[PDB]
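In the form deposited without this ligand, a lone chain appears below as structure tokens.
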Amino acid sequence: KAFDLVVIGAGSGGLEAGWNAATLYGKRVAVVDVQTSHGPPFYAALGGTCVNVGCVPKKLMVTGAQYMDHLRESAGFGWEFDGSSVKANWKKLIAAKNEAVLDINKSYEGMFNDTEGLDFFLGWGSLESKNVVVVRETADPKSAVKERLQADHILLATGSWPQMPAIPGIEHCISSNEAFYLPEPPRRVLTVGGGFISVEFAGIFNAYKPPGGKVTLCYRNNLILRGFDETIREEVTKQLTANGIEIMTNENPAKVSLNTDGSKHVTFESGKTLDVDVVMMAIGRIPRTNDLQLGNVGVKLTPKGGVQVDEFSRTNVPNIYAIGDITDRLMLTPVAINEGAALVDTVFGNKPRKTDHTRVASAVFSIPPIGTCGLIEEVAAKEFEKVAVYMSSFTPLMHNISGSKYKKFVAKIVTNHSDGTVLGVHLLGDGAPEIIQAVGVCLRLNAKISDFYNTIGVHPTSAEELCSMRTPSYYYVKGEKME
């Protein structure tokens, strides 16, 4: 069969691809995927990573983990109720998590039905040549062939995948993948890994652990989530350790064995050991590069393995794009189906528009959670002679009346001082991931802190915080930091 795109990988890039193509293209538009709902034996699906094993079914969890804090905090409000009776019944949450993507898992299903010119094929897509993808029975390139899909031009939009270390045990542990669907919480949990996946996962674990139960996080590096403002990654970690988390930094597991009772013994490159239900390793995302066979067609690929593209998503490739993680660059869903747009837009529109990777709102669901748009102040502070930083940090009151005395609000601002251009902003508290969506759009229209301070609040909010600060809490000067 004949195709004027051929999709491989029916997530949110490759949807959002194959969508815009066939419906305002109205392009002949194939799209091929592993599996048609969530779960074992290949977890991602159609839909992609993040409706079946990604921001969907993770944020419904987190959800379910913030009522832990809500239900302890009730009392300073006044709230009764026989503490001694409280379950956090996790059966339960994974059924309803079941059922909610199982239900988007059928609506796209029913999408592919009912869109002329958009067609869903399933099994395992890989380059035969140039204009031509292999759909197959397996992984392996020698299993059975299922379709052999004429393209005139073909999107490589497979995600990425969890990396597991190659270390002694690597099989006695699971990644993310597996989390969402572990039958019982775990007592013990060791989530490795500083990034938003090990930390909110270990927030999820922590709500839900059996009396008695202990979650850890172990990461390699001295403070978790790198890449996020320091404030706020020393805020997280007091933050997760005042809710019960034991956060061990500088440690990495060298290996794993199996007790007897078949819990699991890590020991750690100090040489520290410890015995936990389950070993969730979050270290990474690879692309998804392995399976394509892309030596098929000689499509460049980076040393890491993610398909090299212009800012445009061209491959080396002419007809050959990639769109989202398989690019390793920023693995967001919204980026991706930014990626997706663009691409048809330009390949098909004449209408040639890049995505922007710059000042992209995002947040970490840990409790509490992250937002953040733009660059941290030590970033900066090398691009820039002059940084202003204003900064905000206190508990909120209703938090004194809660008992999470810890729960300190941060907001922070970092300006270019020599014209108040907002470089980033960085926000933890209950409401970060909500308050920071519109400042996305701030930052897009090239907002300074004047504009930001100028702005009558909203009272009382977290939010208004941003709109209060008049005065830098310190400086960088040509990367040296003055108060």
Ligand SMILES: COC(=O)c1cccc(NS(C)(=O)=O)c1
Given for the second form:
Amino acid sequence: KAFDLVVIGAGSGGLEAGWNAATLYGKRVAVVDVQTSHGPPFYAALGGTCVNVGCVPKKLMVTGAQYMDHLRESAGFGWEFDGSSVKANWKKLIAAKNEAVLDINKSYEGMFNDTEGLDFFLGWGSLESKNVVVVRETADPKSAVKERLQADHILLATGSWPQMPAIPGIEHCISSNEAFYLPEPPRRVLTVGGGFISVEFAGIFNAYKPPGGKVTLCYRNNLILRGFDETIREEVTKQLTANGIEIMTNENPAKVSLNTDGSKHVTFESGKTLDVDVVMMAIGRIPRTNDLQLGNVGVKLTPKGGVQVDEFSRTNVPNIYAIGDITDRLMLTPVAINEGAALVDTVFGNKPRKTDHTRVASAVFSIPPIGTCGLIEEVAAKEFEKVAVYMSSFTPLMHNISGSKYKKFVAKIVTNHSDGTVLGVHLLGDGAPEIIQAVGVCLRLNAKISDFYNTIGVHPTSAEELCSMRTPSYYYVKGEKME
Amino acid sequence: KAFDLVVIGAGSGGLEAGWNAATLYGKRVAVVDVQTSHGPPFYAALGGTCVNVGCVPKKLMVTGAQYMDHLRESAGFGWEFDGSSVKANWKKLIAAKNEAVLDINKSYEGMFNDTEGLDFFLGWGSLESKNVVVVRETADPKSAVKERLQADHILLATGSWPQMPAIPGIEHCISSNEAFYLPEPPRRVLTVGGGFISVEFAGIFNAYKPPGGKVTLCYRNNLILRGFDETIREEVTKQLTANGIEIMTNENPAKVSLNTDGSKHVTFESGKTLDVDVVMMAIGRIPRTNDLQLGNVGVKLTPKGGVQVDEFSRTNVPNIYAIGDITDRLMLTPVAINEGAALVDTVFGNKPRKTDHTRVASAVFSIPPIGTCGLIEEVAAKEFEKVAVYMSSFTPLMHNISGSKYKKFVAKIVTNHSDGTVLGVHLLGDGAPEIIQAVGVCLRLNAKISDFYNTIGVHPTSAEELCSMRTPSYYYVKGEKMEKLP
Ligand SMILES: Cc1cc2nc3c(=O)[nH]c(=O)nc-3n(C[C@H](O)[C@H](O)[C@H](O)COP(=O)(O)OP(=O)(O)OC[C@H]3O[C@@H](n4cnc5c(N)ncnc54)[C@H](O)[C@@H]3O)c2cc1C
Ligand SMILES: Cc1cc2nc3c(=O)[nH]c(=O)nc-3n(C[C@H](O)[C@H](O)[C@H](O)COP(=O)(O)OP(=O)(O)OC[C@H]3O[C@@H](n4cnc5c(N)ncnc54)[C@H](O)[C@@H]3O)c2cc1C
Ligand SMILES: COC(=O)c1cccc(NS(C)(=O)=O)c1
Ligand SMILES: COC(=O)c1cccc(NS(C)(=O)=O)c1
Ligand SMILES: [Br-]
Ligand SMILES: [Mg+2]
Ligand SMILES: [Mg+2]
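Having looked at the form deposited without this ligand, could you now put up the form deposited with this ligand bound?
Let's see the whole complex now, leading with the same chain.
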């Protein structure tokens, strides 16, 4: 069958591109994915990684984990109940999450059923030729051919996949994919990695662990969450520790073996040992290009395996484009969506647009969470002669009373001190992901620190700290920190 | 006894002005207040109304109230416990709030001693003359002079005070002042008024009521929260009703009598009656001008009764200024603070600056809460030829799992459709007050709808809805509502 556009991967970016091309530009569109609903064996499905095994289910599970803190914190406000009756029923959480995800799966199914000129094909998409997508039974390119789709234009939108270190016993470990389907909450779990997925899952597992359970997070480098503001990295380390999570910095698994009872015996490079029920590897995500048979058309890959693209998401092959995680830039759902919309506007609208990958608001749903937008000060200090840091850090009042006195809210604004232009805003504490969104809009409008401190506060909020900082805490002059 | 600046009222506006003058411009500042710490008899104290009997304790108490919802909602996420064992200990909450507020009172005491020039005087400020404030022992002008203060400049910052309707049995009723110190949580309460204080307290009382409890909110007109977005007014009304609060609209107490058991018999204008344990009046706050003796120096008051001021907070009398609730405009702490900061940066900094009373972000800590900045559409529609309204309203997913399906999140953007300029943003739902703060910065920057929709979303959040709206839901054209433009 013949299509204006064939999209390989029915995910965040692929569905934005396919829907826009079909509905805004009246193109005949085919979209291919390996599964119509969430979970094993292929985990991602119609809706993409975010819907099925990412942002959506993880936010529901972090919300669930937050009740451990609410139940404890309620006491400071006079709430009373039988503490010994308290159980975290992980089975109920997983069943609730599975229904929410399946409902989305079903709605996307309905969207393809109800949207003329937008067609879904089930199976494994690869490039036969520069104008032909082949859909096969399995990832094996010798598997049976279900469809051959003639394509004026081809969008690669297959996303990324968890990286598993080729160590002894890798097969006894899981990724985030399986973590979403654990039938029982692990008593002892090792999260491997200092990234958002490791930290977020450490929080989830910490809340739902059975009695006498323990969550351990291991990271090779000295301080979790590289790429984030350094004050926040230190404070979120302290606040995880305070909620009973063991942070093992400068540690990596060398091998995993099964104890006789089937639990996991972990040997860390430092020689050290840990016995756990689950080893969750969250050390990286790699672009999913292996199965695309891109050798058939000579699409240029990086050594890593990302599809190389210009700022308009164009491969070295005309009529073949790539957006989202397969491009191995910013692995965020709204970025994938923005790239897909920008690509379709450019190609089918002749409305030339490229995604701005700077000043993108993002979050970590740690407990407590992070909200951030733009540059951290160390990065700003290499690109700007004079950098000012405005910092406010304090245990909010609700948290003196709650008993979580360790829950310091951190609000930091990084400026170009030459003109006051805000380069970066970094938040740690309850509400941070919600606060940071409209900060994204501020940075698009080249907000200066004077635009924040001249705005009238909303009181009482954590956010008003952003509008209360008149005077730098410290500076960088020619890369050098000065108090 | 000689000062650059004498401030009457050590509140939100008074302290900002006092401390800035001192620490920024090395000026010599006297600040008068009637009380050094919270509670009866004068309720407000060092720190002002917000600290003592306002934003600060209210927010701690609404946070406490929120646990009623969290405890229930936890079950959807698999939390299990003995629901029959749950008790809300009001006495614990009030003791915790009292300790929190006292620590802040003590925080400000340090500030006054730990700061040269800046000195606190205790007692009642009044105007003797253009350049003399007299501190007396009571609010009676005839009471003993504790101090006579010489003033190159006088700031009036005495704030506001609850208005109590002059009905038979008003003495059986309380204001928000007494509500902060009730020894027991009322089983049955009538909150009187449709403003943020009545709505916030209805939520608090609703969470802490003993078994067989009932919270009734009455309002004299048809729909609570006048001045807020209409969609949000109707939605809050529904969401409060869904959480067990009875909203009596078009009803107003005509009198209250004590029943023989100490309970309150409320007779409405309509002839309806209701028995409650507490009648909390929250029908308005009025500026505290009486006690300053303004007739002595001829400071002019408004047809409404607030100190008349120009954009620079200047009275008709040179050297004499007024900020915050005494000016009877926007009664918000951050507005008071902004006015104080501007007045001092003006007069002492030689850097004249005027508070912008437009595009002010504010909140209602209703459950769920309101976050708002700028114009409601009905107001926009009278100023601008063509107004667009962008609206997204849905029960967020977590609240489908939580069982609170009635918690619809409302995001509304109101624009000048001629150029896309955002005139107002109106949010209802968890996190609305936090989301709206940086929206206030956006509006100061004259953000257009396209600045919001071209910004990349943070996912998953409620806030990202603000960056997802490209197409108007409807318009006002020369005042007229319609789905489509001509
Ligand atoms: C645990 C986790 C949490 C995350 N949390 C967040 C978060 O909170 N916020 C956020 O913004 N981002 C988050 N992300 C990242 C976000 O999920 C991704 O950036 C986003 O889904 C990428 O979108 P995409 O279009 O590139 O690909 P995807 O959404 O991954 O879609 C790719 C699709 O292609 C399909 N596919 C792959 N190969 C083939 C093939 N050969 N033929 C057919 N179909 C194929 C897959 O089945 C999949 O459905 C998270 C990711 C993970 C793993
Ligand atoms: C229940 C309630 C909840 C509120 N919630 C919020 C909220 O969440 N957010 C918000 O922004 N605003 C809120 N407000 C409003 C806020 O409290 C006021 O806007 C703010 O306190 C006004 O500050 P001000 O400087 O005008 O005076 P105040 O802060 O009221 O200070 C006035 C001070 O003057 C003193 N005083 C009065 N007369 C004299 C005299 N003659 N001599 C000496 N001292 C005198 C008083 O003791 C008092 O301390 C709330 C108000 C109340 C009542
Ligand atoms: C051999 O390592 C793997 O590829 C491996 C091992 C164990 C588990 C997984 N989970 S997955 C395919 O979902 O990423 C991969
Ligand atoms: C006019 O004042 C009253 O009649 C009255 C009645 C009942 C209570 C109060 N408490 S107050 C002064 O704090 O607002 C005043
Ligand atoms: Br490091
Ligand atoms: Mg179709
Ligand atoms: Mg002093």
